[PDB]
Amino acid sequence: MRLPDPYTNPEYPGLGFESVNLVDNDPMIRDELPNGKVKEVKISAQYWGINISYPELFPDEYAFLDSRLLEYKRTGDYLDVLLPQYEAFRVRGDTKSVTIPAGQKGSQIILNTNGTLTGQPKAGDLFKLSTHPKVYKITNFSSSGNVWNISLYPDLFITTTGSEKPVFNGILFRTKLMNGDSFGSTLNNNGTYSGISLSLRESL
Amino acid sequence: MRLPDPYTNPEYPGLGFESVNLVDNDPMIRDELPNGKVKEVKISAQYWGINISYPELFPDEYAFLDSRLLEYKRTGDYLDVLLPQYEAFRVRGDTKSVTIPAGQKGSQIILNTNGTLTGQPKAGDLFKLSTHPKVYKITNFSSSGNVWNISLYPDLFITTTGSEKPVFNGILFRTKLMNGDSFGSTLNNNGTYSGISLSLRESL
Amino acid sequence: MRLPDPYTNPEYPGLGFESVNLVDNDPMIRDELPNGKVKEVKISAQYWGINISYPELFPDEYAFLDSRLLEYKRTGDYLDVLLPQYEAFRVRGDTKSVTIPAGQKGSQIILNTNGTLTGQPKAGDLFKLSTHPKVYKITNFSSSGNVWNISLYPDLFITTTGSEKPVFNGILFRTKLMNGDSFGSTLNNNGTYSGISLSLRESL
Amino acid sequence: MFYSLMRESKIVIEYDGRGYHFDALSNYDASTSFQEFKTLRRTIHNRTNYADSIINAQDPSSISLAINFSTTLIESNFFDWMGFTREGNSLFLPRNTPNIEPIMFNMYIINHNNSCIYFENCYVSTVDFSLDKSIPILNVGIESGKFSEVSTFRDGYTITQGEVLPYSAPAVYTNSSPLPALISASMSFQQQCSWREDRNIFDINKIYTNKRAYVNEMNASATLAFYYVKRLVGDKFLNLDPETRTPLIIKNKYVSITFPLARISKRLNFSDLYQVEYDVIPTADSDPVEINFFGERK
Amino acid sequence: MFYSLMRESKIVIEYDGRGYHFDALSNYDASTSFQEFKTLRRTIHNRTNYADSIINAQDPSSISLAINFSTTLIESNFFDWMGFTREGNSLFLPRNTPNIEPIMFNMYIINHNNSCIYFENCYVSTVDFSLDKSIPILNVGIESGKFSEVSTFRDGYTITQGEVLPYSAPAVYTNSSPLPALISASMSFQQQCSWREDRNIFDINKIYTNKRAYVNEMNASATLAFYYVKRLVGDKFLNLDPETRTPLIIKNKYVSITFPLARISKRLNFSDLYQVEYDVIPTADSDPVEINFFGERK
Amino acid sequence: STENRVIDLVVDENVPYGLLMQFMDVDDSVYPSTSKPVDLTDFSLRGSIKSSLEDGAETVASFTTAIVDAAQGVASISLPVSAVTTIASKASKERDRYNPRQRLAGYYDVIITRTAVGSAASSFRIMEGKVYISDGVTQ
Amino acid sequence: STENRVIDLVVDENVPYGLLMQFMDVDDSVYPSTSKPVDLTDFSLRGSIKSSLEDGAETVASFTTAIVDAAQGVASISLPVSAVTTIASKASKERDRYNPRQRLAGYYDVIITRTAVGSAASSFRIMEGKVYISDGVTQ
Amino acid sequence: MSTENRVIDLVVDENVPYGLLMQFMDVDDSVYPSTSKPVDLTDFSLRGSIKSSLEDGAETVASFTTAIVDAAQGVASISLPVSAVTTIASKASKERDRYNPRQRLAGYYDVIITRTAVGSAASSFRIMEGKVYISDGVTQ
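Chains as they are written, first to last, in the UniProt record's numbering: chain E, 1 to 204; chain W, 1 to 204; chain X, 1 to 204; chain Z, 1 to 298; chain U, 1 to 298; chain P, 2 to 140; chain D, 2 to 140; chain V, 1 to 140.
These are computed hints drawn from the structure, not numbers from a lab. Positions of the beta carbon are idealized from the N, C-alpha and C atoms, including for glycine. Among the hints, a few may not be true.
What the hints assert, rightly or not - If you only want the chain X side, here are some residues facing chain U, beta carbon under 8 Å, derived:
{"#": "1", "residue": "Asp5"}
{"#": "2", "residue": "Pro13"}
{"#": "3", "residue": "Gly16"}
{"#": "4", "residue": "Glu18"}
{"#": "5", "residue": "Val20"}
{"#": "6", "residue": "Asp24"}
{"#": "7", "residue": "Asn51"}
{"#": "8", "residue": "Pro55"}
{"#": "9", "residue": "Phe58"}
{"#": "10", "residue": "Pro84"}
{"#": "11", "residue": "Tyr86"}
{"#": "12", "residue": "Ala88"}
{"#": "13", "residue": "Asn190"}
{"#": "14", "residue": "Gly191"}
{"#": "15", "residue": "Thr192"}
{"#": "16", "residue": "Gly195"}
Kindly generate the complete structure, drawing on both the sequences and the hints.
This is how it looks when you write it as structure tokens:
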């Protein structure tokens, strides 16, 4: 499901992140050798962590927000979020006619736009495959005409099967709440819910 | 037994809730696998936690509040707490001619209003059955004619017997006062009592 | 790989080091006998610890820095850190015609400059061999003709093979970024990124 | 239309169901205002420019009156309302504050054409007057909780201040020995109350007005200014040493503030003509401070 | 030698490669200064008396200009540079701040004999003018990062302010109903930016100058002063109650600031003639605040 | 809030005039005010433009009422270009202070009315103000 | 019309004038920047320039109107170089002391109109203000 | 910004051939920041002139010898020779600028670009205007 925000529900401008913390969580078997060399082995999967802080929420906005959150807690599905700082539409066009040749594993990826896309995805922008819900981060870009060579920080979780389509816009993190067990909201005498915050965490 | 509030007792304005804290307590066993998939397990029940804060209290206000609290601790009754922000009257009419089909044990109430109720409940409101003291929040509501499809956050604590009647307005939390083992209030030299806090828990 | 600094990238003035912290990490087993004599034992190696602090970062500065850090974490390279306060050019000339006699495994380098180098290194400067990445500090220097007697704090991590060439200027710390397991930066509502810190450790 | 002139006004204080029209009023100052909760919800989605401000409370008003002394001594009711106990025409400062909450009263500021401003839940928080070479006048300071605009009002036709008392030179005594070279005797009395804000979540979407208050302390104080005068070399009566307990009285032909035992601190200023300044407060075990109000012929 | 007179000066603002010489300047004030790091290293060895002071930064300059209204309306560029969107001759207050960093421009203060002071990296941080019974004038306030002395400069021969607009009495309306008894309408607009100090260890032994800044908020505000006037007993239109949303416009013959929806707070002063004071800010969902600039004949 | 019935109309010379009133019923009991529109049944609007308020004043023109989309509450008040010309003929030669194109043409007010919806003639004035003619250049 | 939206046109001497409008209705309640270009099919705008703002004024020039893109919403108001020369000849000579390039020529308005079968007169005024001539030397 | 945008001042230096280099570029800002492309200046002729005053009867003191150095890339150049600079300096006001004594007023100027082509779009625009000043010199 979709986390409410001013893009989906413009009538509630109180929704919307006062501050978002996009943390990098890659567990590693780090070992500090006696000779000065540091050896680290990556085994556990990496996952983005999102910490959302909300401004002063009025009673109706908080009613909508916690209604959506409680529906999340009820039906048990995943909770998608859209970070707005990465919503710079730097790539126009429709990506259905873009083919990613099969048999690709690792950080590097090669995709052929077939002369369809307009706009260059600069380093630091997000990237997501059509099938898998993992969200990557472009670290370097290099194109030779139509073919694009993109390097992603997390290695491709699944090897491309030749049908996965690039998603350069409207990327949603498939996250799970981490504050659900004890989630309280305080109501002031001024009439606003203060200090509403979420500690999300990408699942899979 | 009702907790004194400036609805029933406006002559004691210091008994108003300076700030309420509706805490969502749903203990779960959350385990994060190394493959990035976070998994949860729910066994125990969900109970609404209410925290009340008070301003400086004059001798008469404190006398009334303390007499009520000692009456509670004497008879072992259940404090009823009313939250003003949840007292918006949307559904009006008779709740006796409405029928709830029996055998509903999930997290969803299907009821035939029989055209006897005007208005429609809004998501995020408070809903409660007439035969059980547990309080529910409406997470979603779809109306197809006279039959309503109300979705509730806590899974139905009872299996409907067909005699339950929905309650939308005038809902009270059948709380039990926690932190009553060491309950006190310091009296300052200026005659006002300070440091009064009620940590209440929904003891259905 | 070089960490972005306002030498190579002056267009991003926010990437400057607001405060560096050169930490001397030489773990030792220190035991204090009751007879007042304190005794130490050294087994493990000494590694220079560098801590970098940053000011508020604009979107472009943070984009560049994050792209570089993600490139590091992708290729598993070694961040090179340049400290401006250690870039005083004293020894100038060619370091290829200078010879270092082999078999030197202590804490002292004896080298015949062969009259090819002008100036003299000062105590407390940074010194490094051309075949090893460990960085040394000159604690003492005595010159008797062309042969120099350079004394180094860390005991020589390698035994000189006779082919090493001293490096006095342009010295970089072959660091590896610690605290990268949970690395993040909060984006405030005013558009600037805050709370960015690099805890680096010299992984020779 | 109707303008509102300060000179064309009438201030009536409503206590116990009777209107105390305080004539002989030299000047009064008052203001009304509201409290706002203005927050700006700038988000990463929309860095907005328009605030979210709602008016939810009435800021307490601070009304100050300057009242001339009068022959009917209605102005002593300000000491009476501020907490002093009464015996005859003399007001005592009680050893302990009698009640937790002050004495509350309403006040009207009448004007022409049925125009009025209604201050409610008022209490007298300050009264100070300077006995000097000018006509004495006591500036009272009251704090209101709720202000309002009303059409009909209470007007004190009968209860009113008489003629102003003629000037009479002040004189300060120790027992019956006069203190020479007086400059300006200033007396100060206070009832330092505090509003108990009880704004709660039941007052959301409503305007809140302060209603109840408690007395932190009462006190009587006086600052005496003299010229540094000595009659002997190494004098004992007149010097700069502190006086732990000494009977003092700041006397006039129409008023006499008595300190049965006083704690005096002295301060010398090397000005054009040397001036000493006293700081008179009653002691710990001193008897109640007296304030006599003599209309005429004592 | 050459002295520098303020009256013999010319202020040219350099934006987009064009010089905006702002004539009709009533008065301007500016200052330049440096930041020091002065520490005294008193030790048990030597309790020294001589400090260790090094000049390492330029304190940002605060330049204030007072500019008369003109027929060519060059002064509206200050609203344009401060962040307002433009359509025709009217300036809108955008719902959200457009960019993170303000609009930067350079400014010259020319004087005779090729003397000049060059303020760089400037931004307009405040603009406020009072519509009153005197000639209106808008005081702009800009903050600089780097100041310098230069020989040749930019002089706006063509782009200049015309003749000052004749005085015209202000009037404030609600829709089209005039508000009676106006005293002084003061409007205020701000771009509350903040300098991002990025002084680092690579700037040691060098003078640092602020270069980049970000916008904390923009706002439009107005304080209206009236006389307390009532036309009826218990009037509804004119009273002291707050107004959550009401259309307001402070209109003149040459300028009209429009609040499509306004939040008004009132404050009454019991002065010689009773005065009420408004506090007008746009509401949360109000349409953009208008500022029209009419040169002549609207 | 309070009352804002007073709004001034600026009609254009040589151009027909038409105003579109979206009648509405806002209630501020709930914090997001209800957007319920009034339902236009048994409603008629009447409005005349008369120079000055004194008795016996000549009728400069008369508004032509249109009721459309009764369900959603909107309505239209208009008058033909001939009415505009008749208004502009009798307008005063003195021009408005803030706009040198407008000239005071008269006063106006429109009056809603319920005609025996409940056997009651519940007619009350909607709005009022002054009508200003704006001199054109095209014709 | 739009009394608050008066804009003064500036025409360069010795240069053909050109000004383009875009009729593009908006509805941002659903989402910001929801703007749909208005169809201008069977719309015909027209205007004029007169020396004074009153009846009996001498006409100076009439804009050569056009509809550049039908159904795209891009209309154009313009006049050829000879008309600009006539304006410069007819313009006043009270040159400002600090804007010595601009002289006042007259006042202008333009009216858009609908001429649709199955419809009626829909004339509406969209522009208003003054026409200022900017002096030129390069001819 | 009715006319404030297309007006800049030129100061021709005495005893030096004055040449100003112009670079046309179609900058797109409303749709998206930081997007600019050159204007294809083929068939986009330029012409300018200078006159002492703005009256109907004014003297043509000089005229720019405009040239399109690059047909594409939107690069053009307006320049006048040494003789024209000398004529301007001789035919200039004797009143010196107080803030810069070397500069004296010479006259006014305009620049019109005429994009005459086969397509019926023979439009003309005034892209520049302002005042012309002469900066005195001694090196001769």
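Sort out which numbered hints this structure fails and list those numbers smallest first.
Numbers 6, 7, 11, 12 and 16, in rising order.
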